[PDB]
Amino acid sequence: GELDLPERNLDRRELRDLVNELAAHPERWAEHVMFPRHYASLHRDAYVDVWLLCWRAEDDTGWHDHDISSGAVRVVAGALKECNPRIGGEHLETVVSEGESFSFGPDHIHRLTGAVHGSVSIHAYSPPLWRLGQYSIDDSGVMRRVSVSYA
Amino acid sequence: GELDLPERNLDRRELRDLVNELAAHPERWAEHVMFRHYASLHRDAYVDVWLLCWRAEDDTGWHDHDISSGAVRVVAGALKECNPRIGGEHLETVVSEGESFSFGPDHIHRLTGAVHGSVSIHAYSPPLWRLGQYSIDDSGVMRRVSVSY
Ligand SMILES: [Fe+3]
Ligand SMILES: [Fe+3]
Ligand SMILES: [Mg+2]
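Going down the list, the protein sequences come from chains A and B.
Residues 21 to 56, 61 to 175 (the deposited numbering) are what the first sequence spells out, left to right.
Residues 21 to 55, 61 to 174 (the deposited numbering) are what the second sequence spells out, left to right.
Calculated directly from the structure, the hints in this document are not laboratory data.
All residues carry an ideal CB built from backbone N, CA and C; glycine is no exception.
Treat the hints with care, as some may be off.
[Unchecked claim] Computed from the model, here is a short list of chain B residues facing chain A with C-beta under 10 Å: (1) 54; (2) 61; (3) 119; (4) 159; (5) 165; (6) 166.
[As the list claims (entries may be wrong)] In silico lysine to any residue, SDA-like type, Cα no more than 25 Å apart, as pairs: (7) A:105 to B:112; (8) B:105 to A:166; (9) A:105 to B:170; (10) B:105 to A:165; (11) A:105 to B:164; (12) B:105 to A:160; (13) B:105 to B:24; (14) A:105 to B:166; (15) B:105 to A:168; (16) A:105 to B:163; (17) A:105 to B:117; (18) B:105 to A:71; (19) B:105 to A:163; (20) A:105 to B:105; (21) A:105 to B:118.
[Stated by the list, open to error] Covered stretches of chain A (in silico footprint by chain B; criterion: 3 or more residues with CB under 8 Å from a CB of chain B, positions within the stretch not fixed): (22) 38–50; (23) 104–112.
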């Protein structure tokens, strides 16, 4: 079935424990490994959403926030680049490789890209990722944020 | 006070029309000028309309309006509207008395540098239930705090 999680929101630390423990339980996700993006929902209810992501080298989230959702990421196989925006334009880039995880609160703005072909990652959000902010730049250079429904 | 409007969220052109219409009807807002101090002119399921009196120190900070379109009419004085540019050389526009502007729901801006005693009318649709307020670390990494209002 779906995952058997608490009936409440999880904080950042709890979300990071969740994605790491799921990674140690391939019975919960191996079936859903599928390469195109391709994402597969492992769990979606009123408190938490969990997705399994299978990456191609070209895949790119764009710059986004998660509105009011905290989140965590565990890389199961391969490696991703987590990028954080800086107003100067010299953005911070970190490689996250197999075995590693990180979490963030709801104020986070980031971009995931640069994956090794075939990478696999588990992403959890609490409260659920029902809204995402997608940033874009005009030819002027002026930045905008489009709020998108993900429910 | 109730406003004769379509029973639906309004677009940015409709909101600009609204703020300019209200600016032409001082009988509706003149009583509420007070020196941002703010007075609600009308709030319902579809729109929020505010009168704002500015001091020279007032500053919204950088923010978005989540899913709300908006419009501003400067009734007296002047405001600076600024729009952020990657690179740090932000676009700045002085909006003087008599002038108005509107924007869709993707806008990021900051209002500040008001002549002392400026008066403006602001309308949002859908209502401004949530705002995103941007901040930096001393590292320089930008964050967005979602504020319920
Ligand atoms: Fe994300
Ligand atoms: Fe605003
Ligand atoms: Mg165990």
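Hints, verified against the model:
For residue 54 of chain B, the interface hint is violated, since its Cβ never comes within 10 Å of a Cβ in chain A; the closest pair sits about 33 Å apart. Because the beta carbon of residue 61 of chain B sits about 23 Å from the nearest beta carbon in chain A, more than 10 Å, this interface hint is broken. Because the closest C-beta pair between residue 119 of chain B and chain A is about 17 Å apart, greater than 10 Å, the hint is violated. Taking 10 Å as the C-beta cut-off, the interface hint given for residue 159 of chain B holds, the closest approach to chain A being about 9 Å.
Below 10 Å, beta-carbon pairs count as interface contacts, and residue 165 of chain B has one with chain A at about 4 Å; its hint therefore holds. With its C-beta approaching chain A no nearer than about 5 Å, residue 166 of chain B sits inside the 10 Å limit, and its interface hint holds. Between residue 105 of chain A and residue 112 of chain B, the direct Cα distance comes to roughly 22 Å. Compliance with the 25 Å bound is thereby established for this hinted pair. Taking the CA atoms of residue 105 of chain B and residue 166 of chain A, the gap is about 16 Å. The hint holds against a cut of 25 Å.
Under the criterion of a C-alpha separation no larger than 25 Å, the hint pairing residue 105 of chain A with residue 170 of chain B is consistent with the structure, at around 23 Å. Distance hint between residue 105 of chain B and residue 165 of chain A is fulfilled; the C-alpha atoms sit about 19 Å from each other, no more than 25 Å. Our distance criterion of 25 Å between C-alpha atoms is met by residue 105 of chain A and residue 164 of chain B, whose separation comes to about 19 Å. A hinted pair counts as satisfied when its Cα atoms are at most 25 Å apart, and residue 105 of chain B with residue 160 of chain A qualifies at roughly 23 Å.
Straight-line distance between C-alpha atoms of residue 105 of chain B and residue 24 of chain B comes to about 31 Å, which puts the hinted pair past the 25 Å bound. Pair hint residue 105 of chain A plus residue 166 of chain B holds up; C-alpha atoms about 16 Å apart against a cutoff of 25 Å. A C-alpha spacing of about 18 Å is found between residue 105 of chain B and residue 168 of chain A, which places the hinted pair at or below 25 Å, so the restraint holds. Only pairs whose Cα atoms come within 25 Å are accepted, and residue 105 of chain A paired with residue 163 of chain B is accepted, the gap being roughly 22 Å.
A C-alpha spacing of about 34 Å is found between residue 105 of chain A and residue 117 of chain B, which places the hinted pair above 25 Å, so the restraint is violated. For the hint pairing residue 105 of chain B with residue 71 of chain A, the CA-to-CA distance comes to about 41 Å; that exceeds 25 Å, so the pair is violated. For the given pair, residue 105 of chain B sits about 22 Å from residue 163 of chain A by alpha-carbon distance, which is consistent with the 25 Å threshold. Distance restraint check for residue 105 of chain A and residue 105 of chain B: the Cα-Cα separation of roughly 38 Å exceeds the 25 Å cut-off, and the hinted pair is therefore not satisfied.
As the CA atoms of residue 105 of chain A and residue 118 of chain B are separated by approximately 37 Å, the hinted pair breaks the 25 Å bound. Counting residues of the region 38–50 of chain A whose CB lies closer than 8 Å to any CB of chain B gives 0, which falls below the minimum of 3, so the coverage claim is violated. Counting residues of the region 104–112 of chain A whose C-beta sits closer than 8 Å to any C-beta of chain B gives 5, which meets the bar of three, so the coverage hint holds.
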